[PDB]
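Q: Each chain, written out:
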Amino acid sequence: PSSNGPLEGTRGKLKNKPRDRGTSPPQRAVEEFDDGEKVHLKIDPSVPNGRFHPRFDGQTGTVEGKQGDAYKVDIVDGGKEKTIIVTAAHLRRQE
Amino acid sequence: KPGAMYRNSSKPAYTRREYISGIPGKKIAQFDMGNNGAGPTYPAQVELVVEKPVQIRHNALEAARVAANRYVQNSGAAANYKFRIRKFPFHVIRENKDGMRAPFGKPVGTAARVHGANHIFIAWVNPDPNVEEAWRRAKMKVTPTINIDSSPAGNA
Amino acid sequence: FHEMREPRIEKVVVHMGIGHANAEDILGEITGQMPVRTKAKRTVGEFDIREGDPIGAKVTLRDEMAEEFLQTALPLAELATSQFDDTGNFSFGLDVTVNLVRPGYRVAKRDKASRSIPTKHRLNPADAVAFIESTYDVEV
Amino acid sequence: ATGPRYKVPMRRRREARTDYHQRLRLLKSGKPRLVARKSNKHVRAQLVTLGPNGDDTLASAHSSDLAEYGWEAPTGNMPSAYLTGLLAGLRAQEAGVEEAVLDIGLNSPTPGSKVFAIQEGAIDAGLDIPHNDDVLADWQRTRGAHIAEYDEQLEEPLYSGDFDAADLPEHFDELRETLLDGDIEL
Amino acid sequence: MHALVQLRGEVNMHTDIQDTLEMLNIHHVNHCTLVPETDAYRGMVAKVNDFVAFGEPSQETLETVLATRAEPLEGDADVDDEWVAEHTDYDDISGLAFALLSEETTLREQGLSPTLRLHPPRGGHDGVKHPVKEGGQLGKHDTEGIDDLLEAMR
RNA sequence: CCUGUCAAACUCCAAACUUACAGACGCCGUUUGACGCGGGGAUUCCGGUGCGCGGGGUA
RNA sequence: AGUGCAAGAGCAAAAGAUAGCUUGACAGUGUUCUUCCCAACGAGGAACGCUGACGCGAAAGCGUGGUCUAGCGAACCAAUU
RNA sequence: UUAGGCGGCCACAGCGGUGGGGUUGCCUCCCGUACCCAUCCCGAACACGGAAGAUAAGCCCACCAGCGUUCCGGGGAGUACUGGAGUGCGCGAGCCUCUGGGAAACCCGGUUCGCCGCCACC
Ligand SMILES: [Cl-]
Ligand SMILES: [Cl-]
Ligand SMILES: [Mg+2]
Ligand SMILES: [Mg+2]
Ligand SMILES: [Mg+2]
Ligand SMILES: [Mg+2]
Ligand SMILES: [Mg+2]
Ligand SMILES: [Mg+2]
Ligand SMILES: [Mg+2]
Ligand SMILES: [Mg+2]
Ligand SMILES: [Mg+2]
Ligand code: NA
Ligand code: NA
Ligand code: NA
Ligand code: NA
Ligand code: NA
Ligand code: NA
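Protein chains in written order, with the entry's author numbering: chain R, 1 to 95; chain J, 1 to 97, 109 to 167; chain F, 10 to 29, 35 to 107, 128 to 174; chain O, 1 to 186; chain X, 1 to 154.
The hints are simulated quantities; they were obtained by calculation from the structure and are not laboratory data. Where is the CB? At the ideal position from N, CA and C, for every residue including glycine.
Interface residues of chain F toward chain O, partial, derived using beta-carbon atoms under 7 Å:
(1) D145
(2) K146
(3) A147
(4) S148
Input sequences plus hints: build the corresponding full structure.
A: Right under this line is the structure:
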């Protein structure tokens with residue numbers, strides 16, 4: 001990389017297809033999850049807040065409590081255990 | 001400089017003029033020759049087909065084209081036929097002209124990438140294939156071996 | 010069908026595009047209600063570089079206030095045809131514009147379930163000339 | 001519309017019916033919404049919750065079914081709104097609903113408006129709702145006093161036939177009074 | 001059910017390919033295993049496709065090899081009809097063979113090593129540089145094709 | 001309208017493939033204790049070649 | 001289009017424009033990610049909380065500076081609260 | 001749902017167009033400014049009060065495919081590209097065979113002029 005900021009090489013993953021452009025539906029921004037639930041992590045390009053480090057896009061973690069309205073999701077980066085602070089807007093129930 | 005230096009398509013496509021400056025002008029004079037006022041309304045249509053993917057410098061294009069069209073004056077300056085070179089030299093080419112230090116070369120020319128089996132030239136003639144000869148002379152000045160192909164023409 | 014298809018006058022905008035005013039005064043008397051400042055956009059050579067800046071006034075008149083005005087404005091104008099909108103509008107003159135439309139216009143001016151007026155229910159230049167011409171004067 | 005790249009708004013945005021930016025802020029509370037809506041002739045009040053396939057209305061009241069309790073006056077006014085709010089609020093209570101947030105859709109937060117009247121009624125029915133007392137009308141106007149006095153400047157009945165000539169804010173009381181005890185569907 | 005025989009060594013073969021052979025109980029050249037034809041097992045054999053020989057054997061062939069190269073989970077014991085009878089659900093090798101082919105059981109379930117340690121092919125095989133369709137010995141084989149191999153390595 | 005062409009820093013499209021999690025089979029672990037946790041001791045931080053994909057360079 | 005400035009990304013009853021009001025560019029203390037993929041490492045940065053005090057709004061709510069990724073600095077010593 | 005309200009998916013729903021519907025009821029347009037409230041100027045809008053009129057807008061209902069979109073058949077194409085293997089070919093660039101996957105453009109023909117949820121309601 002020529003630089004090492006969080007958005008380095010995120011041109012594709014943080015950009016919306018022209019038709020999904022614009023404000024996202026609120027339904028999934030208010031979804032509620034329960035501790036133990038498996039959720040897929042994926043940043044919604046339209047939603048500024050409640051994001052996580054782009055490196056985690058594509059992870060499927062386990063909700064384990066929350067902080068404020070954001071959720072605390074446990075994942076495993078490679079072999080390391082990490083806890084991600086993320087809002088519903090960027091989460092989806094597995095299966 | 002020899003074609004040996006640029007005839008291969010082993011480098012990335014390098015054509016973005018928004019990031020490349022100082023590109024030499026093309027030496028290719030025209031792409032449409034003969035009676036360009038008329039449309040392909042001819043009985044015979046021969047084509048020169050490249051038999052290997054290669055890069056053809058605008059140098060060879062101009063020499064190949066001239067040698068063919070200049071000869072197509074076996075039909076006359078205002079003869080009845082139309083000649084087309086369908087490719088354009090989009091690939092910008094460099095030269096590292109310090110040794111291997113900071114070697115990104117500087118723009119020295121342009122070339123056209125042709126894939127094996129494409130037709131680079133297309134002529135349109137009435138049963139009067141002097142064009143078949145204009146081409147024996149054209150593939151004489153381009154790197155690849157070539158196939159002279161006749162399409163609309165069962166007048167053998 | 011008709012009655013709800015027949016034209017009517019919706020607002021008549023009388024504005025004086027000055028270049029920097036004292037002019038409001040006359041607009042107030044020529045119409046009958048306060049004028050409104052006219053700020054300008056973009057910086058330009060006519061020493062008009064100021065973005066927010068009084069450069070004229072306008073007055074939007076509705077209902078009687080608009081008729082009682084046109085009942086003297088029109089007479090001071092001759093023109094017609096070509097000088098008409100594709101929507102049945104026309105501006106003459128100090129400018130005096132007349133916006134014309136049919137009964138269900140509020141549908142495109144309200145907040146809730148607003149909608150754009152169908153081309154068919156729109157007012158044509160011709161259908162406009164008729165209405166007005168049919169009101170104290172002549173066309174072309 | 002124009003091409004593959006064209007962006008078409010969400011349906012309820014095209015229809016100019018739902019303000020999604022306000023919707024989101026509303027859903028933040030996690031509380032049921034007190035949907036206050038109006039019509040040229042009527043006033044509706046719904047207690048909506050969120051659902052898997054769309055909103056769920058757990059209780060509602062329409063100004064029309066107000067006559068079903070003794071209403072003999074117009075239904076597009078302040079007294080009408082309040083009562084509809086109270087009726088919906090009561091039905092709400094019956095349904096196990098305790099609190100809600102005032103969703104006024106695309107209407108304006110004007111002081112003394114009907115949507116606020118609806119809100120005042122729902123609150124009096126027992127519903128706990130985030131509100132602000134001095135943005136509501138002054139009771140009398142809710143009763144319909146502004147209209148009675150308006151008819152004082154009579155010369156011609158404000159009501160074409162309808163009921164009464166000088167109108168009745170008293171009819172309002174009788175009704176509110178009614179709603180506050182027993183009766184069916186409450 | 002297919003018969004798997006490793007014909008190419010471990011040296012230089014991808015590790016994920018090697019681990020696959022190992023999950024299919026083959027750890028040496030010429031070792032053979034019998035694998036059910038399932039979606040899961042199919043993927044595995046396709047991956048191993050280039051270092052192995054496989055196909056569905058005939059009842060007879062399986063029986064010849066079973067008798068000749070089958071072994072107990074532990075020990076030298078010969079797996080003959082009597083062994084089969086006194087140790088398995090079947091009454092003889094043919095019974096077992098049929099059960100295997102019809103994928104009703106497995107060499108393990110019957111207390112037998114999952115591996116038939118074959119002998120080099122008498123007369124040699126067709127080469128490990130080309131597949132069957134090219135005259136070589138790698139890849140999927142005809143029932144007649146597999147049989148030849150298995151029998152030459154009996 | 002017709003007609004001739006392109007893109008490492010274009011994309012209306014779009015693989016093979018790589019990858020998160022889960023189940024299934026396989027293999028493995030429960031006297032050969034896996035997975036994991038804590039601690040002692042290192043060596044190592046000139047690498048090279050083949051194949052596939054590369055970027056630079058006439059090479 | 002605009003959104004202070006590279007480039008890429010976000011944004012339309014707004015994240016843009018106009019107007020009005022306001023000082024949350026607030027104090028205290030954390031959780032987490034990043035800095036340093038995996039995998040230890042400081043300053044710095046960010047996300048998300050809480051406690052306290054406030055601003056605006058009818059209210060849900062928004063405000064932990066600027067729509068996001070650059071704009072930064074140890075120990076010793078000094079001055080300051 | 002003989003016209004309503006709140007939505008979910010967010011073009012299969014867009015763009016454009018045709019036909020039908022209101023006798024009491026609905027939504028509207030509509031009529032009107034004493035009030036609550038309102039326009040940097042206008043009861044245009046916002047807000048309030050109301051039915052003389054109308055179905056012409058909107059809206060609801062039925063339908064049309066020209067454009068845009070979604071999915072499918074047949075063709076393009078098992079082509080392009082590609083994971084694994086090869087003492088196969090080629091001066092080389094590169095190609096070929098086996099094995100496991102497999103496209104885009106475009107043409108022709110269908111589909112699509114929204115679907116679904118909650119509530120209310122001759
Ligand atoms: Cl993170
Ligand atoms: Cl409403
Ligand atoms: Mg990329
Ligand atoms: Mg043994
Ligand atoms: Mg021998
Ligand atoms: Mg051999
Ligand atoms: Mg990759
Ligand atoms: Mg911010
Ligand atoms: Mg020092
Ligand atoms: Mg100091
Ligand atoms: Mg009609
Ligand atoms: Na979006
Ligand atoms: Na130098
Ligand atoms: Na040649
Ligand atoms: Na830190
Ligand atoms: Na001003
Ligand atoms: Na209508």
